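We have chain R already, so just place chains C and G on it with the hints.
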Amino acid sequence: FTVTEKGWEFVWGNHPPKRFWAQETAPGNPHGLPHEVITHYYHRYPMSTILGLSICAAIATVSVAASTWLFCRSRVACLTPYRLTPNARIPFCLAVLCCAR
Amino acid sequence: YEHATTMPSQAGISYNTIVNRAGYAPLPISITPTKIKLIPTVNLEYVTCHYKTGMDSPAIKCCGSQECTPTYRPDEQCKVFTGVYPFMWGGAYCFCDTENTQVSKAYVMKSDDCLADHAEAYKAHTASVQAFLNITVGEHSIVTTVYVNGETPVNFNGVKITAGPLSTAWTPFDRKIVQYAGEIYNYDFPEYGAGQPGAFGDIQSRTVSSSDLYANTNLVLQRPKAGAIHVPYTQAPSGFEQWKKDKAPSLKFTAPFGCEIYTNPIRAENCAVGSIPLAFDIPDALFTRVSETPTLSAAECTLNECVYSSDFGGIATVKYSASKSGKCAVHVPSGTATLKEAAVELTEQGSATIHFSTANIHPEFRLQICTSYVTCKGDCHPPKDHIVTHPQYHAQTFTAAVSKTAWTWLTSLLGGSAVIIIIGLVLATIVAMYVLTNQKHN
Amino acid sequence: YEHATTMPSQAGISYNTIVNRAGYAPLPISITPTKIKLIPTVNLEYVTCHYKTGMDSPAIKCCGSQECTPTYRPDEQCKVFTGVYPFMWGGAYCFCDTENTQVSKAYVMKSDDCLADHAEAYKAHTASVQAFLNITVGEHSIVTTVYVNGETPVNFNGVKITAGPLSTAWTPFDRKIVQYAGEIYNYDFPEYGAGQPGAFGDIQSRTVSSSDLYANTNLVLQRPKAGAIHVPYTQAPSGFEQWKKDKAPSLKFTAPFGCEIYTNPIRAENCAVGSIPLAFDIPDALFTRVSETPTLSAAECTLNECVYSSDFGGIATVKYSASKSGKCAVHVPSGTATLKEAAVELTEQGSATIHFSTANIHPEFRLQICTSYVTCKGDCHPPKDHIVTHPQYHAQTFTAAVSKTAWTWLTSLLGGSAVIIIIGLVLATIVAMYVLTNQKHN
Numbered sequence: 319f320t321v322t323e324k325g326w327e328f329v330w331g332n333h334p335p336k337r338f339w340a341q342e343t344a345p346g347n348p349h350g351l352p353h354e355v356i357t358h359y360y361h362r363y364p365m366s367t368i369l370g371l372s373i374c375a376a377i378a379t380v381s382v383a384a385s386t387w388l389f390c391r392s393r394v395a396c397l398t399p400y401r402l403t404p405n406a407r408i409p410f411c412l413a414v415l416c417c418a419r
Numbered sequence: 001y002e003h004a005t006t007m008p009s010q011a012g013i014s015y016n017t018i019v020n021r022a023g024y025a026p027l028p029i030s031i032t033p034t035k036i037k038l039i040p041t042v043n044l045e046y047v048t049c050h051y052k053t054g055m056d057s058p059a060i061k062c063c064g065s066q067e068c069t070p071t072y073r074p075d076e077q078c079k080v081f082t083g084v085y086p087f088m089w090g091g092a093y094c095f096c097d098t099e100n101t102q103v104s105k106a107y108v109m110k111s112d113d114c115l116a117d118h119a120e121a122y123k124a125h126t127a128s129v130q131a132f133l134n135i136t137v138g139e140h141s142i143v144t145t146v147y148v149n150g151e152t153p154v155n156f157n158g159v160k161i162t163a164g165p166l167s168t169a170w171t172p173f174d175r176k177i178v179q180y181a182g183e184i185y186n187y188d189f190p191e192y193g194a195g196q197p198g199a200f201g202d203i204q205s206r207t208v209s210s211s212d213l214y215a216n217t218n219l220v221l222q223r224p225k226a227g228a229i230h231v232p233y234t235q236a237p238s239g240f241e242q243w244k245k246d247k248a249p250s251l252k253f254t255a256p257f258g259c260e261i262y263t264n265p266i267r268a269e270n271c272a273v274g275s276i277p278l279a280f281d282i283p284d285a286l287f288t289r290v291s292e293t294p295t296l297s298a299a300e301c302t303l304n305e306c307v308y309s310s311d312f313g314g315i316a317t318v319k320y321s322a323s324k325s326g327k328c329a330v331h332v333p334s335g336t337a338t339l340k341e342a343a344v345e346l347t348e349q350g351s352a353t354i355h356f357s358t359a360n361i362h363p364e365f366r367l368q369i370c371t372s373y374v375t376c377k378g379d380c381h382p383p384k385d386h387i388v389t390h391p392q393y394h395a396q397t398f399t400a401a402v403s404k405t406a407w408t409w410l411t412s413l414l415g416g417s418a419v420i421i422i423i424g425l426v427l428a429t430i431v432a433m434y435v436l437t438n439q440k441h442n
Numbered sequence: 001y002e003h004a005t006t007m008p009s010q011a012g013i014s015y016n017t018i019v020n021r022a023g024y025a026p027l028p029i030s031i032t033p034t035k036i037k038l039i040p041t042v043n044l045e046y047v048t049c050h051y052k053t054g055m056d057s058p059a060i061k062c063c064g065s066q067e068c069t070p071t072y073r074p075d076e077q078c079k080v081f082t083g084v085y086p087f088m089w090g091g092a093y094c095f096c097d098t099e100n101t102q103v104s105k106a107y108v109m110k111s112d113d114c115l116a117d118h119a120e121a122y123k124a125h126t127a128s129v130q131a132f133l134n135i136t137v138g139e140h141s142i143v144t145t146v147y148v149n150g151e152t153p154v155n156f157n158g159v160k161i162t163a164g165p166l167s168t169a170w171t172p173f174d175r176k177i178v179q180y181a182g183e184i185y186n187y188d189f190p191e192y193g194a195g196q197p198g199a200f201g202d203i204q205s206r207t208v209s210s211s212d213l214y215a216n217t218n219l220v221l222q223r224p225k226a227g228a229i230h231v232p233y234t235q236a237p238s239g240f241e242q243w244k245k246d247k248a249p250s251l252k253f254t255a256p257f258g259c260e261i262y263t264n265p266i267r268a269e270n271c272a273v274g275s276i277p278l279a280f281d282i283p284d285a286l287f288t289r290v291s292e293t294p295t296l297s298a299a300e301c302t303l304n305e306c307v308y309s310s311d312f313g314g315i316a317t318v319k320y321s322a323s324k325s326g327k328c329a330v331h332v333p334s335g336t337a338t339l340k341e342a343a344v345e346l347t348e349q350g351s352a353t354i355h356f357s358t359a360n361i362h363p364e365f366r367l368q369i370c371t372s373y374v375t376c377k378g379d380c381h382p383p384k385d386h387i388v389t390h391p392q393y394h395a396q397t398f399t400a401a402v403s404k405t406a407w408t409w410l411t412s413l414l415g416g417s418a419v420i421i422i423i424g425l426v427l428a429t430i431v432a433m434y435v436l437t438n439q440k441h442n
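Chains as they are written, first to last, in the entry's author numbering: chain R, 319 to 419; chain C, 1 to 442; chain G, 1 to 442.
Derived by calculation from the structure, the hints in this document are not laboratory data.
You may find that some hints are simply not true.
[To be verified] No more than 25 Å apart at the CA atoms, straight line, and that leaves these computed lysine-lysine pairs for DSS-like:
| hint | chain 1 | residue 1 | chain 2 | residue 2 |
| --- | --- | --- | --- | --- |
| 1 | R | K324 | C | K340 |
| 2 | C | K252 | R | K324 |
| 3 | R | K336 | C | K37 |
| 4 | C | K319 | C | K377 |
| 5 | R | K336 | C | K324 |
| 6 | G | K52 | C | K123 |
| 7 | G | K377 | G | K340 |
| 8 | C | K377 | C | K404 |
| 9 | C | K340 | C | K324 |
| 10 | G | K35 | G | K252 |
| 11 | G | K37 | C | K123 |
| 12 | G | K123 | C | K160 |
| 13 | C | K37 | G | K176 |
| 14 | R | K336 | C | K35 |
| 15 | C | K225 | C | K79 |
| 16 | C | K79 | C | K52 |
| 17 | C | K176 | G | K252 |
| 18 | G | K123 | C | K176 |
| 19 | R | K336 | C | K247 |
| 20 | R | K324 | C | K327 |
| 21 | G | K123 | C | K37 |
| 22 | C | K247 | C | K52 |
| 23 | G | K377 | G | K319 |
| 24 | C | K123 | C | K176 |
| 25 | R | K324 | C | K35 |
| 26 | G | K37 | C | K176 |
| 27 | C | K225 | C | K245 |
| 28 | G | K377 | G | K404 |
| 29 | G | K225 | G | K79 |
| 30 | C | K160 | G | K404 |
| 31 | C | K35 | C | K160 |
| 32 | C | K247 | R | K324 |
| 33 | G | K79 | G | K176 |
| 34 | C | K123 | G | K176 |
| 35 | G | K160 | G | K35 |
| 36 | R | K336 | C | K377 |
| 37 | C | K123 | G | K123 |
| 38 | C | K247 | C | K327 |
Chain R with its partners taken away, still in its complex shape:
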């Protein structure tokens, strides 16, 4: 049987009722090695963990993608006025920074 924190009770024949109560001793260690905290909060709070990891992965993916997008657009906006000059001569400092030729 599955016993939760809200209680559980059985009666075995002519015996009196036995009530039981679950308490929060989940397998895992919540203090390090981050594949151990995820199993701990998965056996502990199963529904909330998948939603939390989904939204944190989504925000991390959107942030890395948008930062790469903005950096590549800014590199293009820097190097384009020095790549339309016939005698291209991108500076030195912008060659080291913007990773030019």
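Just chains C and G now, with coordinates in the frame of chain R:
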């Protein structure tokens, strides 16, 4: 002094609080609920039992013809049979071959054991909650049956307490109830006069001694065997016995929230649902002044034991200094820790050892002792039992067990991405301004 | 066979209807409510009465001192007075000048006439309407108490009739009720233990013989006169007498909808509110074939007299030619006019007289005699009495008394305007086409 609070609807567990008048001594209040009933308004309709087909002796006339004289007994069948040559032990009964006549007459009456073996069909609605509180307000304790409608006060020592109505109108009992043998069932019995043959209520006596019972038991008289004096019938079996053979289990074993159904008043017990609000009309005489109670100076709190078990598995230790030796209240204003005792008796330079209960992994609460606030901080550890035989003595706060390591993983992998996007936005702004500066040249 | 109908909740006035099975004889139904009760669930909280201040005899110690011994009597006061010089008829009692001591003790007890003169404070909720009907279904007539919840059927001759619940949950009673001497009051009494002196319920005994009463009567002991053995006291006067002096009138004088408050149990009777739905479960054996009943040919209805009064003030003569002499149903389908009788016995060539009742100045209602349909048409006249002493036997149809002349005035003033505006629009269209024709030559 009007003080309102709220108590959870759960027996056995002591509920503690204090009242802080802004310039006086704190007044501790303790309420421990013992037995919380729920008594519906119960309305008897009918009882039922086993029936007992009574049969009159066969009226026999030799070379004659009888008639059917009714009696208006319950389900009273009667029929007249012709062409009968009955026998007694001392030979034949008539001399006529044909044109003899035997009358069968049967009726339904209720059984002889109806008094001690019957089932009561009721109707219930609009229950009434009633608790056995054990209140202590300023070391003055009473034990009184309070009623928990929004009125009907309990009065003691000038203090008026009105424990208001439950937050939920839930009852375990349905609109219809059958009581049999100390146990109570949610059965949809038919109405009076609607009793069907072969099922529950084929007999419907209005009370136990009503002497007017409705009976629909599918009784049909049959023709007697040639040469015998008997009354043969054929009816559907006892619907009360067939109800007893099926009998989906009692409400004692099936009730939600763990109720405890009892019999002599039909009532439920200790249904852990809802919450009781409270009103305290406290007179001004009980508020003792500040300087008539001890008051600490230079106190400090440390945690000896810290296990986030179900009961009081934490020990905080307070080293204090105060220039009196008396008792004073302790309380935790948040629901972070649930303390065990409500008062600590003090020396002038000793230490205090309190017992609390908590769900947190890194407990940081602000303990209120006599009139001051210390901060008790530590680290709790998981308990050794998976399953205990007592309920919970604390409240699971949302974000209670978040374990500072995981706070660090949520701060870095979610706040650091914001740092990435703001330095990307700053870099984009600087690039746009530098392109516009470059094209200022013409 | 399910036949659903709805009866107005009003005693005494008969209700008539017929079941029109499509190929069988019409089946008459006649239901006359006699007494419509309305019974709330009623819960006794306490009783109250006049009180009686009990006094103890004064305990005098000659040159000593006394103490207070509490007897725990209700509202008990015990003050002890020093410096007394009491007196009997035989001279002085003590012989000292000072230092004598007298103890006065007073307490409140309920009166000796509590049993036959007291007010009972109840709580009401969740009424349960019940009705004394008188039901005739196809010359099977019974008189039987019905319960008008949506079940609990009444059974006679295989017909199963169930009176549905009221369309309104109105009760004349409030949440709180006082009964005093056959009369019932919506009165907001204080709760038990919440009584105030000088008002209702300063004395609160839980039952009539409870032997535990709550007394809050503002009893104060005073100091006796020099040289007199008596117990002086001051208290607020009796609130049951002051409540009898106030007493806004009973609920049988102030209740709306014509209700009649009685108390053998607490109930209202004959309230003219709401309406009872009915449910007929007619079996398939009551339906006689058409050919075993009379059936008419060439029937004609003429109105002899016609008064649109409140009683039956209209006489219609129906001349028929019957195939067979027997009683059959008469009925009006609409609520245009309400007949008096539910059946008419026929000869073969006679002329029948029916009594009806209408609010119409110009009634045109289609009668239903045995299976045909004649059209009764005429004109009614105003009655002569302004005020009658019997309620209304018919229904108030909207636009029932329009008096054909005013139909002509409304039709002229409402139709001539529409005629004028449509001929104006047609004239505008013709003028536009004539302009477009004359401009064509361009």
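Each hint tested on the structure:
1. R/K324 to C/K340: This hinted pair holds, its Cα atoms lying about 22 Å apart.
2. C/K252 to R/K324: holds, 18 Å
3. R/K336 to C/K37: Cα-Cα ~21 Å, so holds.
4. C/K319 to C/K377: Within the cut-off at roughly 14 Å; holds.
5. R/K336 to C/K324: With a Cα-Cα distance of about 48 Å, the restraint between R/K336 and C/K324 is violated, given a limit of 25 Å.
6. G/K52 to C/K123: With Cα atoms ~43 Å apart, G/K52 and C/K123 exceed 25 Å; violated.
7. G/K377 to G/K340: Holds. G/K377 to G/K340 sits at ~18 Å (cutoff 25 Å).
8. C/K377 to C/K404: Distance of about 14 Å is within 25 Å: holds.
9. C/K340 to C/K324: Given pair C/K340, C/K324 holds - Cα atoms ~24 Å apart, limit 25 Å.
10. G/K35 to G/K252: holds, 16 Å
11. G/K37 to C/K123: holds, 20 Å
12. G/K123 to C/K160: holds, 22 Å
13. C/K37 to G/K176: Holds, at about 24 Å.
14. R/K336 to C/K35: Holds, because 19 Å separates the two Cα atoms, which is no more than 25 Å.
15. C/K225 to C/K79: holds, 15 Å
16. C/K79 to C/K52: Satisfied, since the Cα-Cα distance of roughly 19 Å is no more than 25 Å.
17. C/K176 to G/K252: Roughly 34 Å separates the two Cα atoms, so the pair is violated.
18. G/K123 to C/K176: Given that 25 Å is the threshold and the Cα spacing comes to 23 Å, the pair holds.
19. R/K336 to C/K247: holds, 23 Å
20. R/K324 to C/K327: violated, 37 Å
21. G/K123 to C/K37: Satisfied, since the Cα-Cα distance of roughly 20 Å is no more than 25 Å.
22. C/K247 to C/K52: holds, 22 Å
23. G/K377 to G/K319: Measuring from Cα to Cα gives roughly 14 Å; hence the hint holds.
24. C/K123 to C/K176: holds, 5 Å
25. R/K324 to C/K35: Holds - the C-alpha atoms of C/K35 and R/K324 are around 20 Å apart, at most 25 Å.
26. G/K37 to C/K176: Given that 25 Å is the threshold and the Cα spacing comes to 24 Å, the pair holds.
27. C/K225 to C/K245: violated, 33 Å
28. G/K377 to G/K404: Measuring from Cα to Cα gives roughly 13 Å; hence the hint holds.
29. G/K225 to G/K79: Measuring from Cα to Cα gives roughly 15 Å; hence the hint holds.
30. C/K160 to G/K404: violated, 73 Å
31. C/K35 to C/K160: Holds, at roughly 21 Å.
32. C/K247 to R/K324: violated, 28 Å
33. G/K79 to G/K176: With Cα atoms ~39 Å apart, G/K79 and G/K176 exceed 25 Å; violated.
34. C/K123 to G/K176: holds, 23 Å
35. G/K160 to G/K35: holds, 21 Å
36. R/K336 to C/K377: violated, 37 Å
37. C/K123 to G/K123: Satisfied, since the Cα-Cα distance of roughly 19 Å is no more than 25 Å.
38. C/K247 to C/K327: At roughly 58 Å apart (the allowed maximum being 25 Å), C/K327 and C/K247 break the hint.
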